[PDB]
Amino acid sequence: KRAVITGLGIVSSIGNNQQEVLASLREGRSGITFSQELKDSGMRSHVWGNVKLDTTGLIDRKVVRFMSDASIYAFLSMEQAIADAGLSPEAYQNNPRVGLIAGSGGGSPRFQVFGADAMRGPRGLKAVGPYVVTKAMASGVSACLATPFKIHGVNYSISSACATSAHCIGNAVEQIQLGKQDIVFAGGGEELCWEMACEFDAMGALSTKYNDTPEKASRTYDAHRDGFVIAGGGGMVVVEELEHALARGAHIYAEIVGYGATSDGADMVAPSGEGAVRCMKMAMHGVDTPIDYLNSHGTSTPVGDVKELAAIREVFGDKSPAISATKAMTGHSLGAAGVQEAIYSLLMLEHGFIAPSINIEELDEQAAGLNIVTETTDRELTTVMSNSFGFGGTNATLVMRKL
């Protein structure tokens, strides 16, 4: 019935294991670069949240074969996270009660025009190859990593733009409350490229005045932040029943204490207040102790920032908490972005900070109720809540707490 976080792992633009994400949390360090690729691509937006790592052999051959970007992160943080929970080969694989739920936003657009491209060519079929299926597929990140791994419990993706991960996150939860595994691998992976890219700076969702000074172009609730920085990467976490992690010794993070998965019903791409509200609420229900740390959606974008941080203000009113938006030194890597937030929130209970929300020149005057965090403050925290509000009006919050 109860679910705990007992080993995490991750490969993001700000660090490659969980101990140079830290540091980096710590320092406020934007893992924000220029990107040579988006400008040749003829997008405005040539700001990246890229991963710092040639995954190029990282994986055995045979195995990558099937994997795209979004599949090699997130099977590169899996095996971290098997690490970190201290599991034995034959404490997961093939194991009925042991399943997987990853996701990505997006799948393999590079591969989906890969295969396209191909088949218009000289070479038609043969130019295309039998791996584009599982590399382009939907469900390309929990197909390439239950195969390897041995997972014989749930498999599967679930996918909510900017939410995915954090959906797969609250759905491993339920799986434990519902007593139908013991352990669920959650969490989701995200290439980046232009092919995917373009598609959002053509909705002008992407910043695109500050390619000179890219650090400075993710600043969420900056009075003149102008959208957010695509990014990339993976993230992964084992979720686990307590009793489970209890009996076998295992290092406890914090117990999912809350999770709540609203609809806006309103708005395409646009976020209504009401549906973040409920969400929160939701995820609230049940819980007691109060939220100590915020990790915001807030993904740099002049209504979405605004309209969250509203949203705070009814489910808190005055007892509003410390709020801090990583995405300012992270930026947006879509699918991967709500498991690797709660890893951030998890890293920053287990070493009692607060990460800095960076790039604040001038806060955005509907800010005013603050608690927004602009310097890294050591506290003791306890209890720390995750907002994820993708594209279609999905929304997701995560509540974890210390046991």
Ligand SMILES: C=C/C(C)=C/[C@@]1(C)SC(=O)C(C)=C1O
Given for the second form:
There are 2 protein chains.
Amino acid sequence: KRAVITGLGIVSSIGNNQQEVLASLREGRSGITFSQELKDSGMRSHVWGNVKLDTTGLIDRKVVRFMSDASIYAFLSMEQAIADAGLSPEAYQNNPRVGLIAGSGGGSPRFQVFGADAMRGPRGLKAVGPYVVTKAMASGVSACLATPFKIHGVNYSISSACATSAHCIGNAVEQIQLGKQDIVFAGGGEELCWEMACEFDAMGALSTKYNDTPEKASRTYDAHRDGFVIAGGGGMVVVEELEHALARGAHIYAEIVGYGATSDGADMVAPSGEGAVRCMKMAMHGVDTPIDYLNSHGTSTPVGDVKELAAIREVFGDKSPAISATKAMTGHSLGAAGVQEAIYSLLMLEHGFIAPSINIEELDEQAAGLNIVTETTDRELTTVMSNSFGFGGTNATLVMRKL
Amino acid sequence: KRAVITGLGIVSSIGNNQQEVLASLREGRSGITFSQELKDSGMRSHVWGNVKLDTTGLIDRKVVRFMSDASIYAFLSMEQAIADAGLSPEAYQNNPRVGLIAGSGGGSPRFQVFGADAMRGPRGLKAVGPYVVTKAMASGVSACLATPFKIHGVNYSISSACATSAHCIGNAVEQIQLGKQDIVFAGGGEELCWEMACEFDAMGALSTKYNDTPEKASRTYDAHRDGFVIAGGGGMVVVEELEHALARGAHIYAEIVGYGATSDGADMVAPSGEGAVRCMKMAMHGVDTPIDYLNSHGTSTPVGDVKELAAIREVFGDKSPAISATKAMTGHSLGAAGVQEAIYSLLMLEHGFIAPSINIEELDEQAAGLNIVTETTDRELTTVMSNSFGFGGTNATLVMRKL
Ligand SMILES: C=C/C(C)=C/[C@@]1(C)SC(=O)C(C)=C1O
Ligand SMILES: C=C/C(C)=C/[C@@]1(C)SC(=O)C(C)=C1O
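Show the same protein again, this time as the form solved in complex with this ligand rather than the form solved without this ligand.
Every component of the complex follows; first up is the chain already shown.
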């Protein structure tokens, strides 16, 4: 029935491990840089939320030859989670009660585009090769991790655009609740490339006025925000059944006491708000303790930002929780955003502090009577909430509490 | 607690609705044709499992601007399932207890490539446009249906390659069991294009020796099968809680009495057998009636075919059910294969007959343990099983029974 997080792993724009990520968060350090690749592709947005790591010989050649970047990022995060959970092969491999639910928002537009380019070349099929399917397939993140880690339980991905890894964790929780699994590795990954980024720029979703000052581009709630800053990376958490965890002396960050998954059924590319309201309310249902901190989806987009503020306010009313949008620091890793931000929230719960909402030179008047924390402040948190939304009116909310 | 199917919709290579599909099945009619597109693309495989329907104007212009083919196919299938189920707008729209779980195997390689191609032109972003994200993103099938159809419940896709739509239905069942939803539209869609097909051909997965005789290319269990015949299309079923279905007098096809979801944790692109055995057995927990008919995944590939037959052998021993691989007729629609074949199984349960396993000119030596019906056989069926597997060692099994 009860699901808890007993391990985490992360490869992000602000850190290649939970320790480095902790640093950046408490420091309020930006992971955004100028991208030549993006500028070079023809894009208007030239700022990145890139992973600063040379992944070259980190994954075995036979295993890595099937993967794309989203898979690599999630695979490395999974290793970190396996290690950090205290799990050994004999404990998680070839075991029907151990599963994997992880995905990405866009799969691999790079290798999808590589296979097409290679195919139209004079060598066609031979230029494409036998590994494009596993690299480009939408289920790449799950397929590429489940096989090498010899997972025997559930094995699939959930895709809900900018909310995918959040739904992945919520689904893992349901597997434990249904008594189907004891452990489920949940999370996701996302590649960073002009191939996919250009699509978002094409719809005017990305920031384009701060290319000269990359670290100031992502400015959630700032009156002059102009779109989100795309990013790549991965994250993975170990969702485990309470008794099982306690039984093996597992270290427990918190327990997932709430999971909301709703739908807007209104517009694509634009949030309705009511959808998020029901989602958050659903995640708080039964939680007998108040929400101390709220890690908003806050993408730094004109409409989105205030639309979520309007929702939060209607759900909490007078008594609103402390809020901070860590995207102003990290950027929007799309499909990886959900798990990565759940991890930042878990780190804040574990280290008693609230990461700051940076770059707010001018608070939006639409973000009036709320509590946007712009200073790294030490606080004994107990219950935290994380929101994730994506195109198509898909919403997810996770509420985590200490034991 | 209990989940039943109260409506279905389908757009496939053998039919544009349940009536045409029924006729083709009973007749063992091939939906395979020669593809100039694939031939012109430089592929060794020139046979198609195409949808014979010009979809132009079949969807509101403002609504279809966000969709790719997989989304269109699923959207049309859902239009059918809604009407079939006898659901009125007021019954399923703007309702938190009504959800949508549908996806595809590859999303939209065509629009991932179009975005990249347009980007590298003299028009760049202007040529790309603002609708490529929703078309190219992995969650397209779910995002593009949930919004127009006014869905307020769950909204996301499950992606497990050639098993995705099967896992989608299984997940919908869990939502009903967890008491979270009363109705969940489950299924998926898949586009047909050289962009995605060349990648499979590039790994030698597609049939290439029967281009001169398209209808004989897909030959599951035939000693001379040489890969699967790619296809496109959609399918959607209405998964509904039992008391709910009966309360409104919905017409129930069958109840989902079993859902297995396992993982191989062995090889990519190649099945282990073990895993599919646990998946079937898992689907069988609680089911005490015999399996009267088994709609195998049977892709018409050398290894796959006999690896699944070995697993079926292992699960049933001396008591093996009647088997038939409808892919020899329809082709492999990848992500849509699961829901489409669940529908064929539902149609056979409904009209009392077993669709034939066509093109078996020889029958692999390993298939000696017969009961693979190669002739349309009228028979009163009660419990049927459908298998779905995909790259990455992901397995799904659904068992449906008459009420
Ligand atoms: C239905 C549309 C939604 C939820 C849109 C949001 C707020 S979610 C997101 O990640 C970005 C960039 C947005 O603009
Ligand atoms: C792990 C690999 C698996 C399950 C491979 C299968 C049998 S699934 C499928 O649709 C095809 C074409 C195959 O070859």
